[PDB]
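J.: Work out the full structure, taking the sequences as your base and the hints as a guide.
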Amino acid sequence: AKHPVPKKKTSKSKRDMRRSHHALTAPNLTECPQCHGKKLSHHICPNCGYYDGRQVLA
Amino acid sequence: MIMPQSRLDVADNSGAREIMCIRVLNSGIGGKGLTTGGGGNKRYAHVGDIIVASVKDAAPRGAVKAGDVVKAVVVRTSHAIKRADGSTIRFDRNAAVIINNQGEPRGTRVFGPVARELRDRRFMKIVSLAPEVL
Amino acid sequence: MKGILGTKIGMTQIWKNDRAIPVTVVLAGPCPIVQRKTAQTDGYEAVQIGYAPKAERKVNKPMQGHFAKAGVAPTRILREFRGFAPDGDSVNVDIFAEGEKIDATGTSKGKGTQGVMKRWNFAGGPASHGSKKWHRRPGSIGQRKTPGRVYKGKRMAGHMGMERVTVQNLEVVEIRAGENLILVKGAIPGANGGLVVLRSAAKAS
Amino acid sequence: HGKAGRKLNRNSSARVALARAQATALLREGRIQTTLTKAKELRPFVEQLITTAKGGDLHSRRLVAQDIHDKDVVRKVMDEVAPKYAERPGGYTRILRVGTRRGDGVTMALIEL
Amino acid sequence: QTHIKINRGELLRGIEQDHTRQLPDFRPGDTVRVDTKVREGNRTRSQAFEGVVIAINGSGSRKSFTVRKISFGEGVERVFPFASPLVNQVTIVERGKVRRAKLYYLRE
RNA sequence: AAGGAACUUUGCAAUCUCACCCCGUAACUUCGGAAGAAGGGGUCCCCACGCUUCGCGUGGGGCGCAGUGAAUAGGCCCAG
RNA sequence: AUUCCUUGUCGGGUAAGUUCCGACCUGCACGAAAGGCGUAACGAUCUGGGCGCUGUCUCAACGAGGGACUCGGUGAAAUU
RNA sequence: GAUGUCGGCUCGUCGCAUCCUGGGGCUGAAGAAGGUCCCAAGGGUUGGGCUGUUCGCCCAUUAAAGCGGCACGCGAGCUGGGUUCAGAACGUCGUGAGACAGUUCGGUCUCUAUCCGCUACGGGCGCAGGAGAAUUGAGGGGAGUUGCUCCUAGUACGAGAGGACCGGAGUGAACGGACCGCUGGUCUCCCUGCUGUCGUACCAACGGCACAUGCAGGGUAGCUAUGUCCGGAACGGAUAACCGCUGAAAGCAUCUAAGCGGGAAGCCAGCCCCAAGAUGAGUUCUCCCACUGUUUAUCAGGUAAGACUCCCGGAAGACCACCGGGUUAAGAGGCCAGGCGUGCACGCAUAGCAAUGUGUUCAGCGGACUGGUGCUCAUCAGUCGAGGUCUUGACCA
Ligand SMILES: [Mg+2]
Ligand SMILES: [Mg+2]
Ligand SMILES: [Mg+2]
Ligand SMILES: [Mg+2]
Ligand SMILES: [Mg+2]
Ligand SMILES: [Mg+2]
Ligand SMILES: [Mg+2]
Ligand SMILES: [Mg+2]
Ligand SMILES: [Mg+2]
Ligand SMILES: [Mg+2]
Numbered sequence: 002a003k004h005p006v007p008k009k010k011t012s013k014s015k016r017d018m019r020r021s022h023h024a025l026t027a028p029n030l031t032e033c034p035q036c037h038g039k040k041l042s043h044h045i046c047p048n049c050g051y052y053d054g055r056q057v058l059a
Numbered sequence: 001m002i003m004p005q006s007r008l009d010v011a012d013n014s015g016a017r018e019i020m021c022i023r024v025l026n027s028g029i030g031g032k033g034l035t036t037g038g039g040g041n042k043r044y045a046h047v048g049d050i051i052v053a054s055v056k057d058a059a060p061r062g063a064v065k066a067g068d069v070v071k072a073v074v075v076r077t078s079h080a081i082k083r084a085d086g087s088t089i090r091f092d093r094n095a096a097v098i099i100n101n102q103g104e105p106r107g108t109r110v111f112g113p114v115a116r117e118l119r120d121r122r123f124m125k126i127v128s129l130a131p132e133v134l
Numbered sequence: 001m002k003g004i005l006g007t008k009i010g011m012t013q014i015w016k017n018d019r020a021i022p023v024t025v026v027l028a029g030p031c032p033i034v035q036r037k038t039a040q041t042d043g044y045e046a047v048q049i050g051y052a053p054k055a056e057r058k059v060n061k062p063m064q065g066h067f068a069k070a071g072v073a074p075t076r077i078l079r080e081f082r083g084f085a086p087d088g089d090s091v092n093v094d095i096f097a098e099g100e101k102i103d104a105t106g107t108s109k110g111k112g113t114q115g116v117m118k119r120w121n122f123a124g125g126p127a128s129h130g131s132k133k134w135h136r137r138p139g140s141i142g143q144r145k146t147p148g149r150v151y152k153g154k155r156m157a158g159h160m161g162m163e164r165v166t167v168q169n170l171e172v173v174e175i176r177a178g179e180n181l182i183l184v185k186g187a188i189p190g191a192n193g194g195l196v197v198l199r200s201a202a203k204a205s
Numbered sequence: 003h004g005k006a007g008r009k010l011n012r013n014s015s016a017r018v019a020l021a022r023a024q025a026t027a028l029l030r031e032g033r034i035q036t037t038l039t040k041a042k043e044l045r046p047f048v049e050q051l052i053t054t055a056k057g058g059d060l061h062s063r064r065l066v067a068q069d070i071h072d073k074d075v076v077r078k079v080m081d082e083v084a085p086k087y088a089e090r091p092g093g094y095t096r097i098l099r100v101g102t103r104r105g106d107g108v109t110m111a112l113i114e115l
Numbered sequence: 002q003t004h005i006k007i008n009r010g011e012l013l014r015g016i017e018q019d020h021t022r023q024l025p026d027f028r029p030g031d032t033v034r035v036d037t038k039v040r041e042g043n044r045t046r047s048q049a050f051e052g053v054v055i056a057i058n059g060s061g062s063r064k065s066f067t068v069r070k071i072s073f074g075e076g077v078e079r080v081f082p083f084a085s086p087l088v089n090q091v092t093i094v095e096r097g098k099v100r101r102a103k104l105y106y107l108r109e
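Residue numbers (the entry's author numbering), protein chains in the order written: chain Y, 2 to 59; chain H, 1 to 134; chain B, 1 to 205; chain K, 3 to 115; chain M, 2 to 109.
Because the hints were derived from the structure by calculation, they are not lab data.
Ideal Cβ positions, reconstructed from N, Cα and C, are used throughout, including at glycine.
One or more of the hints may lead you astray.
[Unchecked claim] DSBU-like cross-link-like pairs, simulated, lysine-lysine; straight-line CA separation at most 35 Å: (1) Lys38/M to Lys101/B; (2) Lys40/K to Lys6/M; (3) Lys6/M to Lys111/B.
[What the hints assert, rightly or not] Selected chain M positions facing chain H (Cβ under 8 Å, derived; list incomplete): (4) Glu51; (5) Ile55; (6) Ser72; (7) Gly74; (8) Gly76; (9) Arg79; (10) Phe81; (11) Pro82; (12) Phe83; (13) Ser85; (14) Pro86.
T.: Right, here's the structure in full:
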């Protein structure tokens, strides 16, 4: 049938013992020099569409 | 390289046209006759190595015959021998020379060039019937 | 004892008399002496030597200082050698000498995660007369209820390579001082451009 | 190891189809948006292509005809865009990354002439 | 690993031209390598393999050439290091007309 | 690469053969067959010449490692 | 394919054969329509052998694609 | 309410009542070759033919070609030949349905590892300031095989035939590590050649599809073996068997009770590798420094030295990690030069009825290789990160 299978239910604790590594790091947002919303380092500022000049369209 | 089940051509009028390998001895020509094995393994016969063999084809009329079990010395491997200058040799087919417990060609002469390797191997007489020693 | 640092540059052909010879070209670049250690200072006897040069605009304020304590010039690579000495700096000139046997050590090329056929040789199996274990896969890990577990060390797939390797008694063919170049017979481990440490033979006949 | 030097995700005939395909777009629109990576793979291929176009003679043209199956496009690269890059050491095409995407969460990008 | 500034490329040349030799041109078509077989006892022989070149693999110290031939009934291929000290001198014998750097097909 | 059934319960599996012309083809047989037995050759292009035309034959020329030039596409035999 | 003692004995073939072929016969417990013995041709039939080729093997190796890995979307199971 | 069975394949590891190597006593041990008993498990212990075999017989070798154990080691590892399903057959037993000491051909062996165990790789915290880098080695692993030939020496020995110890030299086998210069293998679009078809109007030139490279030929880097290079050691310490000096108890004899020495492939050390989570958390060199916050926000908050984040990459890699660069820039790409591979391009010209040949052309094309070069992008900028307990003692003016 299902050859391997687990021998006992896992501790609500043990469950967690592992999950001690699923915490998302959050973006390191930076502030634009030009529209000042927060941009994502090394990409075009979503809001004003800049990267020294205006690349993407507004 | 040569190994058991590996049919060679006979480069001598020994009478045996084609021989299948049976075992790769660790070619012992030296001292009195042929010295004895240098290990019970060694898997490949290289020009100048001695093998044991079972004659699978002899011509009608000749010392050696079909089904005979003989000793031969590998003179032409289609593998590649590599000399100290750094050159390389390789013949279209593998051929040996049926011989005796003194390492002397059972035949009255060799056929086809033979590995100069046989010379350092001290297999002098063989060399001596060799039409060439590339 | 005696020893030096260098970079593996490549292999090539060279004849000596009439014997073609594969050689590996090491650049035992010159080596600064940045720190002497005595049992009376560091518990033991050794020497700190250096190697690839490094731009000062890339040197930690701390490292700078260490390096200053012996006006040398940020190297980027340091390594100690035991029972060694000399004054000034370490160069192969008068160190190694054509003929000597040496132990070029370096870091093996890195083969990532490798199965057992390729890392311990194993043999896997049948590739035709029935399977799912075709070629690689180790067979059985052990035995039964007894030693109901596997042994501390059974050979299995791991990260192969990326190791420290030493190779012994390699002939020092040609030495071209003042190019801190040195051809060594045979091959040394580690990819071209890697660090390599040539030393007197650790154990020579 | 795997110490080679290229990129796929599809087969042999495909990576080709792509490069050529995007190659065309970019050359036809001076800037297309695509997956960050699909860009990077494209960058050089299109650049090499321009350096070919950058020779004028029928030859250099017909070489380009092998990666541009759209006459109009080829003519552009050949007589309009190649001639212009005349004075620069080849090396023009920049990538600009944008936001991450919703559908797949894949970070999209800009590749412009 | 050690990131010294260096042209690994040349360091090698400089330790390779001291072991590199030029020879006649040839490309295929017959050749005759008159090489010395110094290995018989102390006596220094002199052999002359000759015939169809079938490949010019490599460069520098490593450059070499392969020549096929049929000696006394059985085909033979020799391989020579342009700087193999075992070679006195090579010579064209008669330029051939083929159309591909190899010839392997000639083994038949 | 070299070797070539050494695998192994067993050449299982996977190669090889693989179309169409032509030459050729055994024991044994209820004469039908065994037979596509086995084996060997050919096979593209151009030109001239004749043929029953699609096509084909003869001769000469040509190109490549190779011409059912890529897909479809028998491995054969001995004995029980 | 009916043999136990049994790999019977001799011969064949193989370098070497508990199998296969042929004889012998001492048929544990063959035998004439529960058919006897033989037989060309037929067999995805079962057995032994040979030629050919081969990654079956000596030994593996490189390459490819699909998974396996990683991020975003959805998100089971047997077991306990 | 299930501990899967014979054999094999794979992977091992252990005992010794040791098969071979190593040390020895005795020999009916001349030498050479043996027998035998004791010490000794470091390492090693071939490939085939027949059989489902284990066994065993045989071919050909070998230093040897050991015996057992581990659920007759190992099927959540594979096979599935053997045997304890259903089909069929023969012999035999049964009047039968059926049966068997038997023999014969056939016959589905279940993707998804929780826990322990194992191999690899990270995260956290700790190691009493915060950091950069260099180490000691507590301890632990790997390795630990052997032939043949030469010299000594044709000596010792032996009537002779034959023919050494010891010591010293070479050179193989198998095994393992590293490596890619070589010889080769691959190189899935680097170059070329070829067919059919569809397309780019047509001709000419090209593209697609004929695998998931249409096929063929070749092939850099890389990776790789049947290719290279190196290794198993020396010396040493303590020992086994064994052998000995001095030597009483037995005014003698005695390797022994005092004492002492020699002595094995084995033990420990030495060789290569790991190693301070050796929480008993070690050592060294260098750097940053002692800030701020009213018994209302009691501690965190700026920050230093330093590092991360991110981007561009890598001979590093599943992920992480590790290394390099990130404009004070040569990091990667491109671009230029060169290298190497393919093997002569498109076009035009000329020759030919044509097919094609020849010339311009050692052309043309161009992954991964060597350098160069500021053309592209490594913008901007955010986050984190010390002010160092106490006790005794020693030193300072
Ligand atoms: Mg295998
Ligand atoms: Mg080659
Ligand atoms: Mg019969
Ligand atoms: Mg003894
Ligand atoms: Mg089990
Ligand atoms: Mg190569
Ligand atoms: Mg190909
Ligand atoms: Mg002692
Ligand atoms: Mg990555
Ligand atoms: Mg950095």
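J.: Compare the structure with the hints numbered earlier in the document and write down the numbers of the violated ones, lowest to highest.
T.: 4, 5 and 12
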